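A.B. asks: Let the hints inform the model, and build the full structure from the sequences given.
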Amino acid sequence: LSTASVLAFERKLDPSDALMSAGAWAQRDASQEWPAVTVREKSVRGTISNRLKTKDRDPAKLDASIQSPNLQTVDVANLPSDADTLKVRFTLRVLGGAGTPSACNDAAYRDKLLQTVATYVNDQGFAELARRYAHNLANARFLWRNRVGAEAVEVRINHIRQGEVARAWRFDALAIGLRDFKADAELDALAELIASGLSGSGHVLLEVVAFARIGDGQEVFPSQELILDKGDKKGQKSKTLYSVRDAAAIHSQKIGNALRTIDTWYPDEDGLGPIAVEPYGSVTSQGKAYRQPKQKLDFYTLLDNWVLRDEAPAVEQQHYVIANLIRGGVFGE
Amino acid sequence: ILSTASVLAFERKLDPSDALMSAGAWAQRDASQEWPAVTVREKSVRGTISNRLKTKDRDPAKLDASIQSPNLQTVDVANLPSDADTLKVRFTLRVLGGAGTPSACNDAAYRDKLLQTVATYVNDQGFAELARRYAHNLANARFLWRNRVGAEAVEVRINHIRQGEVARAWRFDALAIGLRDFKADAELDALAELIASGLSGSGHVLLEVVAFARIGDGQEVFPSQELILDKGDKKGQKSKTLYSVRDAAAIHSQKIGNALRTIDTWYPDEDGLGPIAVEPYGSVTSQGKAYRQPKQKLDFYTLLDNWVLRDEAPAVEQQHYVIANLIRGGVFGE
Amino acid sequence: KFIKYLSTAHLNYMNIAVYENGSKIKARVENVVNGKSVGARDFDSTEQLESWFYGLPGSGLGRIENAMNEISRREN
Amino acid sequence: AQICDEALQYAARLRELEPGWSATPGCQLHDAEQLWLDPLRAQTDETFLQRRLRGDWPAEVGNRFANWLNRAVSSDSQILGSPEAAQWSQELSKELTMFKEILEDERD
Numbered sequence: 025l026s027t028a029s030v031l032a033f034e035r036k037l038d039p040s041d042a043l044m045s046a047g048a049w050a051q052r053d054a055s056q057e058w059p060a061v062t063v064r065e066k067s068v069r070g071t072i073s074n075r076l077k078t079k080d081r082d083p084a085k086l087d088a089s090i091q092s093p094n095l096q097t098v099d100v101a102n103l104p105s106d107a108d109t110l111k112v113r114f115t116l117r118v119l120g121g122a123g124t125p126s127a128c129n130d131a132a133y134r135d136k137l138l139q140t141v142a143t144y145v146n147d148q149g150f151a152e153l154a155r156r157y158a159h160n161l162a163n164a165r166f167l168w169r170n171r172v173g174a175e176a177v178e179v180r181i182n183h184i185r186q187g188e189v190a191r192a193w194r195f196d197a198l199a200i201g202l203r204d205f206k207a208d209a210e211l212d213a214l215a216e217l218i219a220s221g222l223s224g225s226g227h228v229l230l231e232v233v234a235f236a237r238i239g240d241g242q243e244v245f246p247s248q249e250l251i252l253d254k255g256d257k258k259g260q261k262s263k264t265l266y267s268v269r270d271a272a273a274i275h276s277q278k279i280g281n282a283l284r285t286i287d288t289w290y291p292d293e294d295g296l297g298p299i300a301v302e303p304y305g306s307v308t309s310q311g312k313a314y315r316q317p318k319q320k321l322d323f324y325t326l327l328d329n330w331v332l333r334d335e336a337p338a339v340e341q342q343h344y345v346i347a348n349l350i351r352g353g354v355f356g357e
Numbered sequence: 024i025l026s027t028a029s030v031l032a033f034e035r036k037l038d039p040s041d042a043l044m045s046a047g048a049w050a051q052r053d054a055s056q057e058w059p060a061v062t063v064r065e066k067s068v069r070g071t072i073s074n075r076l077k078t079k080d081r082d083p084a085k086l087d088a089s090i091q092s093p094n095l096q097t098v099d100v101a102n103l104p105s106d107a108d109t110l111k112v113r114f115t116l117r118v119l120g121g122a123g124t125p126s127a128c129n130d131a132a133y134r135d136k137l138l139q140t141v142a143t144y145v146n147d148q149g150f151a152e153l154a155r156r157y158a159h160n161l162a163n164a165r166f167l168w169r170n171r172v173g174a175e176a177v178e179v180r181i182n183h184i185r186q187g188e189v190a191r192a193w194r195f196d197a198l199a200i201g202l203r204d205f206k207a208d209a210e211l212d213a214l215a216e217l218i219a220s221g222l223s224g225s226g227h228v229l230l231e232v233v234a235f236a237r238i239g240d241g242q243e244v245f246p247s248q249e250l251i252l253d254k255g256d257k258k259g260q261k262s263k264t265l266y267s268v269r270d271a272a273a274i275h276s277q278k279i280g281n282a283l284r285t286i287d288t289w290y291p292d293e294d295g296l297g298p299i300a301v302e303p304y305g306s307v308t309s310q311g312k313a314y315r316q317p318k319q320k321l322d323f324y325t326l327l328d329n330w331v332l333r334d335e336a337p338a339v340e341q342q343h344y345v346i347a348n349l350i351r352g353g354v355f356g357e
Numbered sequence: 002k003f004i005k006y007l008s009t010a011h012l013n014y015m016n017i018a019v020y021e022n023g024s025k026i027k028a029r030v031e032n033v034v035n036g037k038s039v040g041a042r043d044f045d046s047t048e049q050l051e052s053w054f055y056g057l058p059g060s061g062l063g064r065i066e067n068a069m070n071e072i073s074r075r076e077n
Numbered sequence: 327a328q329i330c331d332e333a334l335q336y337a338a339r340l341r342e343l344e345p346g347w348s349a350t351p352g353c354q355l356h357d358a359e360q361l362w363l364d365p366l367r368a369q370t371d372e373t374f375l376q377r378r379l380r381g382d383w384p385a386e387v388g389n390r391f392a393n394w395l396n397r398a399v400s401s402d403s404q405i406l407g408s409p410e411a412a413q414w415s416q417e418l419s420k421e422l423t424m425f426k427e428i429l430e431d432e433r434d
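In order, the protein sequence lines correspond to chains D, E, I and A. Here the first sequence is numbered in the deposited numbering, starting from 25 and rising by one per residue. Here the second sequence is numbered in the deposited numbering, starting from 24 and rising by one per residue. Here the third sequence is numbered in the deposited numbering, starting from 2 and rising by one per residue. Here the fourth sequence is numbered in the deposited numbering, starting from 327 and rising by one per residue.
Mixed in with the good hints there might be a few duds.
[What the hints assert, rightly or not] DSS-like mimics (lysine-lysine), calculated; alpha carbons at most 27 angstroms apart, straight line:
| hint | chain 1 | residue 1 | chain 2 | residue 2 |
| --- | --- | --- | --- | --- |
| 1 | I | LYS5 | E | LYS254 |
| 2 | I | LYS27 | E | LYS79 |
| 3 | E | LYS263 | D | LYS278 |
| 4 | E | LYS254 | I | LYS27 |
| 5 | D | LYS320 | E | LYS79 |
| 6 | I | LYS25 | E | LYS79 |
| 7 | E | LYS257 | D | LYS263 |
| 8 | E | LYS278 | E | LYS206 |
| 9 | E | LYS85 | D | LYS278 |
In short, the hints are calculated from the structure, not lab data.
C.D. replies: Here it is, written out as structure tokens:
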């Protein structure tokens, strides 16, 4: 039983692009006709603050450097001056059937994989993963920098069966912690909904709407696009922002990054906090790669040792492996 | 002495067109005529390192150094508008008929023997089986490949067209009709009589197929993907283009044509997986496997040689396989 | 004698096959349906094959087009 | 040496032959190569020509030229584990250093 040379898992928990529209707090229940936050341009002349090669006893290059500073053009997105509330709306499907790959060479390896995943689900449900997913929808991880420094953040979650609303939840994101996964009755209800979705026992479509008090005319933070150097300064050399038809927006994979911050099971340090689930579990901003393959906690090592050789790891590492199967990806050689 | 013809070529029947996608709202469904199209747009993406390594040089400082230089990338996506939760997919389909006559053949005796064999097949039993399975593939939504997966309700409307009019309309329910179980029905027997009347050459059959799917507000649709090839050249180009027509996302015609001819439930290996489409050396590109090996005696070339030249008639279901390959068409012979 | 195909997808019936002669390997650009080859090139080991091949400019099938345009080069 | 000196021959052949470098599309990535291939001054140039590109000692085309050399010839990593890429990197270091050292007086 060698590994399959081709493996591919389609993703579950598929989000959409979040739209941002600004308005006034306590006009909050009628947040349906609020105008969108537009992305505009402004000019910025920046000085030079680069880390120069030190002991430079030539001030003539420094005073020569001030003769032509950076003439630059950026994009900003601000609230209107008579509005102090950011509204961020997106949707979320929960597909289910999180064991079946979409492409596999071997037939014995695929049947062994389905017996392993079905053994996992029959031993214990999806209650843990849906509890942590419910905590990431409870607070406002998907408000990345917009959450930082806010008076009150309110999250409203709706469940949709038809052109109707089945059950509505209304949370408070600042009371719910950022690092402490504590239980609650409503989070157990919504965790039963998501856990009922991932098991394939129904269709789950959720509508997530987030509200934040920032301030009158302050700055919101959409996601930033990639700029090739075929454009000049007047032509956005600096800083473009992602948009839809005349509205600022966030990419879908960034919200999808914010939902799957589960992993509190690093070998190195459990004191920092949960950072998202990746094979070779890594953080791009910190420049570090936790969960090294020189250890025995990598996804490929645990999956090979648990499918081929029946060496079942600890329970929390099994939550890690099934979390990588809900993530999906391109596996195999 | 009756050798095979060195040149054989069969033109295809069941010719589809390119399906167009346009989004709108459910229960505004009967007026689905002015719905705007789904456009293909660009967005940027910053990946990371998740691919499998090699046990020759995998150092931790080299992993962190790999994370120092990630992959900046530009892709194409197609999404519904944020106030619409229904995908509409429209295409047409001609049923030509006359599925025994080749378009190119060297020998005259081999061609007459072939026409006597096919005419013997049609006179012994009609096209009712193949048109029944074709009717089941138009009944559900095989031609919605990944768009079907995870949907609330899928509705298929099929129209028959004689003039600038509508002769008879069918309205199905794709989720109630199974994906693997070919069960009979009155309406599927009517439409199977229409397709079977089309393939026999007894008339002209043009069908209009329209499919409806509830996905969600602002979710992602899945058009077919085009070919690029990065030769290491300038600009670090796009890594995912999507097929389109004049400002609308679309699916290729041969992919719908792949979805219509999933008949073959007669593999020697396993009939438990399901029907996968009809090919000589009956193969699946995604699974990387080739069922119906030539080392067995169930290949199309082996059955066709043993049934035309030597009058050794195979089993009935293998005859359905061979005639299904003649309705598919192709380039045969040496 | 035959080892593998170098690419996992044929680009218009053409693909690079990798052969073995003893103490050396033989990469050979060839048609798939017919079998006749267009140019060939001899390497010493598979480490030289992958070490040379992964240094070509491209990714995916642009790399295999550059490799087929390199092995089947006009020698003069 | 013949490759970079041959690039000096390319700017040589480009220099005294085609003096017409007017406005056209694509003036953001071909703008550093425009100041590298410094054409003749225009006849309609005003007094703002001794400040528009006077301080243009374009040492960035030794970096783009370095990337072109890196993508052109293969840089082996088995020579990186050895001292062949420290001595080799020393050779490209001092050779691109002398190339930019020729490029120090393209205008002055």
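A.B. asks: Could you run down the list of hints and mark each one as holding or not?
C.D. replies: Going through the hints against the structure:
1. Between the alpha carbons of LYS5 of chain I and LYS254 of chain E the distance comes to roughly 23 angstroms, so the proposed pair stays at or under 27 angstroms and holds.
2. This hinted pair checks out: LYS27 of chain I and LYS79 of chain E have alpha carbons roughly 24 angstroms apart, not beyond 27 angstroms.
3. Our distance criterion of 27 angstroms between C-alpha atoms is met by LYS263 of chain E and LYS278 of chain D, whose separation comes to about 19 angstroms.
4. A threshold of 27 angstroms between alpha carbons decides the hint, and for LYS254 of chain E with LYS27 of chain I the separation of about 24 angstroms falls inside it, so the pair holds.
5. Our distance criterion of 27 angstroms between C-alpha atoms is met by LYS320 of chain D and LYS79 of chain E, whose separation comes to about 17 angstroms.
6. Our distance criterion of 27 angstroms between C-alpha atoms is met by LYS25 of chain I and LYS79 of chain E, whose separation comes to about 22 angstroms.
7. Between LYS257 of chain E and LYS263 of chain D the alpha-carbon distance is near 22 angstroms, which keeps this suggested pair within the 27 angstroms criterion.
8. With a C-alpha separation of about 25 angstroms, the suggested pairing of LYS278 of chain E with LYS206 of chain E holds against the 27 angstroms cut-off.
9. Restraint check for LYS85 of chain E and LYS278 of chain D: the C-alpha separation of about 26 angstroms stays at or below 27 angstroms, so the hint holds.
Checked against the numbered hints given earlier, this structure breaks none of them.
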